[PDB]
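Position chain Y relative to chain L; hints supplied.
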Amino acid sequence: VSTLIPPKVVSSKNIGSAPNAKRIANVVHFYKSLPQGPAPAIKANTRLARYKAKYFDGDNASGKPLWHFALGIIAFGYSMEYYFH
Amino acid sequence: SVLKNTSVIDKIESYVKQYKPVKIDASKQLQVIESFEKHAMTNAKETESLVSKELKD
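Sequences listed follow chains L and Y, in order.
Remember, the numbering used here sits 38 above the position in the first sequence when you count from 1.
Remember, the numbering used here sits 800 above the position in the second sequence when you count from 1.
Derived by calculation from the structure, the hints in this document are not laboratory data.
Errors might be hidden in some of the hints.
With the Cβ distance kept under 8 Å, some of the chain Y side facing chain L (calculated, not the full set) [said to hold, decoys possible]:
1. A840
2. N843
3. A844
4. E846
5. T847
6. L850
7. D857
Just so it is clear, CB atoms sit at the ideal spot from N, CA and C, and this is done for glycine as well.
Next up, chain Y with everything else stripped away, as it sits in the complex:
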């Protein structure tokens, strides 16, 4: 309202409203991260098996 002879505020506001869905979230990673986790789980379980058997020994 402070601007009196805008002639362009409507245009930019319409552009912003049309471009409100700028982009969706990128949830692409669903298996490679799972691969890293399964490798880490394997390493952790073999590690703790080794540790437990070593302390018992």
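So that you can see chain L by itself, here it is in the shape it has in the complex:
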């Protein structure tokens, strides 16, 4: 008999139902987000970090470190091969 008032009732529930769950999921991660490679930490030195940076990095990612390890184990084992036989 009178005029009910829909057009300003969105205060109680934000428009949409499915994207409401994703709103909180995607709005919160943008605060603590790296602008462009912040704190890359590409430089380190712990007597083995240089080897990791030079060979164990994703830029090369080749089979050369495995061959170097094989050569090193051969060099180490030559001495005890002489010692045993």
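Okay, now just chain Y, sitting in the frame of chain L:
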């Protein structure tokens, strides 16, 4: 004047003249309509606060 032996035009005219103030305007609603407006104002202001903060976000 077209009617010659009326004997009743005077009566009906007097009745109409006596009943000229047929009734006054009914301006009864002064608070319940105001209640509807204050509810609508509250809804509108909370709505626009929500909208402004959502767009800024």
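Hints versus structure:
1. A840: 6 Å, holds
2. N843: 4 Å, holds
3. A844: 5 Å, holds
4. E846: Nearest chain L Cβ about 4 Å off; hint holds.
5. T847: 4 Å, holds
6. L850: 5 Å, holds
7. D857: Holds, because the Cβ-Cβ distance from Y:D857 to chain L comes to roughly 7 Å (cut-off 8 Å).
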